[PDB]
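A lone chain, given as structure tokens: the form solved without the named molecule.
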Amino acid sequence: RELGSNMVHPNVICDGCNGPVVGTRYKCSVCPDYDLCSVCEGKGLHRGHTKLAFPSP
């Protein structure tokens, strides 16, 4: 796998773990305001809605 981005996405909070979103941001494409950090996405949270991957802010 290619070494991903590693920047903080400012003013984005992970709805999974309430942490910062560092690296890729996974924004749900169905929910109006739902995001996962790559750690929570990796854990399989919010499975059932397609998310969009934003590597960088």
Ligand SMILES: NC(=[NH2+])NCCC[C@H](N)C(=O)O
Given for the second form:
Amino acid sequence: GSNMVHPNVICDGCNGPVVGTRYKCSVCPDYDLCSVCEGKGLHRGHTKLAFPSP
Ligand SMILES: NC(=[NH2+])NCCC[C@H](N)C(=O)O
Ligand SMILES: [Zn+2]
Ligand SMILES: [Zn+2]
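Alternate state requested, the form deposited with the named molecule bound (shown: the form solved without the named molecule):
Expanding to the full complex; the earlier chain stays at the top.
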């Protein structure tokens, strides 16, 4: 399923897991958001790649 946890990823907005779509900053080396933090506009100024859980 595409709506599952991404293993070994911690959201840099809330320090929790990333379930469903992972938002990986394309600029910073190691920055990721979960869908809630992404929806709140955290880190909005950088382009990210958004992809489902493998
Ligand atoms: N509590 C944290 N935000 N730790 C840093 C996580 C860095 C990066 N998002 C990763 O999953 O590897
Ligand atoms: Zn989060
Ligand atoms: Zn960034």
